[PDB]
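Only one chain comes next, encoded as structure tokens, the form solved without the named molecule.
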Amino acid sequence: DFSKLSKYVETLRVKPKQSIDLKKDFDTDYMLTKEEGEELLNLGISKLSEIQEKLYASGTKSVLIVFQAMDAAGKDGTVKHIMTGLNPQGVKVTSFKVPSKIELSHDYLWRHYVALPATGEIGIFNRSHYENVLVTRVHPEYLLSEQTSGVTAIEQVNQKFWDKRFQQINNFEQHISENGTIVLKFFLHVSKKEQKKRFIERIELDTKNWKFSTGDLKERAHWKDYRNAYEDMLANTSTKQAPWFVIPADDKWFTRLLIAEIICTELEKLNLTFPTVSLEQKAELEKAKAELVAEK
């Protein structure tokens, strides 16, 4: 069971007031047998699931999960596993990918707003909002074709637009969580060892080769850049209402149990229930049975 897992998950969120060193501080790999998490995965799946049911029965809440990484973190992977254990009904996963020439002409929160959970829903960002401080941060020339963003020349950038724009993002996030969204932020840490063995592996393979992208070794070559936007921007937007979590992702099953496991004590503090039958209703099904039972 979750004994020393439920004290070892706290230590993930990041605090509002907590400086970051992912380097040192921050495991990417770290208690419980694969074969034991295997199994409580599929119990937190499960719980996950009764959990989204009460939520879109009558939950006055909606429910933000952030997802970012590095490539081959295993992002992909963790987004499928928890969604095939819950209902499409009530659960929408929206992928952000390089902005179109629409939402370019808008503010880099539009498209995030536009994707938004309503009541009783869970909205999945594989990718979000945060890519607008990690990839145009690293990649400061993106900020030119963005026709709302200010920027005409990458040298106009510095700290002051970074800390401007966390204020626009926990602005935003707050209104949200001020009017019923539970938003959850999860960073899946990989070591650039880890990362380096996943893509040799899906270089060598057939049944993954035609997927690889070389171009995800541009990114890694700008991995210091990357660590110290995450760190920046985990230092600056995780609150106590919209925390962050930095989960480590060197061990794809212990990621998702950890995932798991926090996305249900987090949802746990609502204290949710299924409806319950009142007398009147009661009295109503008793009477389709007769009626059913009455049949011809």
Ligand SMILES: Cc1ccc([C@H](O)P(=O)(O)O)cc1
Second form
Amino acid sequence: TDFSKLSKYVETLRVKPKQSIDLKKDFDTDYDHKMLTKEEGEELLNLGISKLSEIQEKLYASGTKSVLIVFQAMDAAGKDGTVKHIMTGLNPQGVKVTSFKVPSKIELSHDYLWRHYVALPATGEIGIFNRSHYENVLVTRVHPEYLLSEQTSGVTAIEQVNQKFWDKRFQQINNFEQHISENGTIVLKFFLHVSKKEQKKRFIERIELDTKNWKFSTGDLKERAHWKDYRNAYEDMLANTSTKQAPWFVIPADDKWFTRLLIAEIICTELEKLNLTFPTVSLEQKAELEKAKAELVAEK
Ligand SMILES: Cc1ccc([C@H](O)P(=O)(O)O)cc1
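What would the structure be for the form solved in complex with the named molecule, rather than the form solved without the named molecule?
To see the whole picture, the full complex is given below, headed by that same chain.
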């Protein structure tokens, strides 16, 4: 069956704890062996959205678990659109998107994790981090001079930023995700992997669209110029912060419809392990319902 092939491919996208990461050689940004048509996919995507809505409903009705979903990617990989599409099928009462832009003055007066801890999802809720605490081992690692401006970093000279500084930050991130995992939070992390070539194409496509080129950030080019620096940061990060408890998935991003299918797919598959069920109606409650129905019928 097609889905059976998909479940098999999906597992190759999970980053294993001991796994070493080369984003250049491995992790195709576009899956050629695509096992279903773009049509099939948009229909399996619809099912994934409906199922996720069902899961979210059952999650909200129970008071047990929260769900944290992290999205990281290079500009133009499809992150905002994946978030928007995940959302279309969710109830806004039980889901919350936080887009972590550049930190505020207050947030800079706290450790780099503080503002993400503040924004964690409550029991029964889904939290989506569009950008996340991982920015602090990515953009900060490509631009290590930012750490000098961060009062809590304890970094005075760029000389002291080395692999051991990042190792300690991975440890801090891992202890943080482990703690919340041990206290009811399901953590799922997606890196949307777009090719340097496809980013180029999408950048140019936007520049040439009058309806949308007002949105183009030419500063995105400065980060594109640091492509190799970012791949290294992502590689070292994926190799050191994917656990079985809080796994990373590397999603091919060059085909948006397929990116969305996979992420919807993985979220459903992972949250189905919770074996969530709608609340059942006891005999006492069934009696109360029939009493209420009787009164409504017995109205003058
Ligand atoms: C060219 C271009 C398209 C879409 C976007 C979105 O903001 P994302 O795919 O980075 O979330 C950014 C740049």
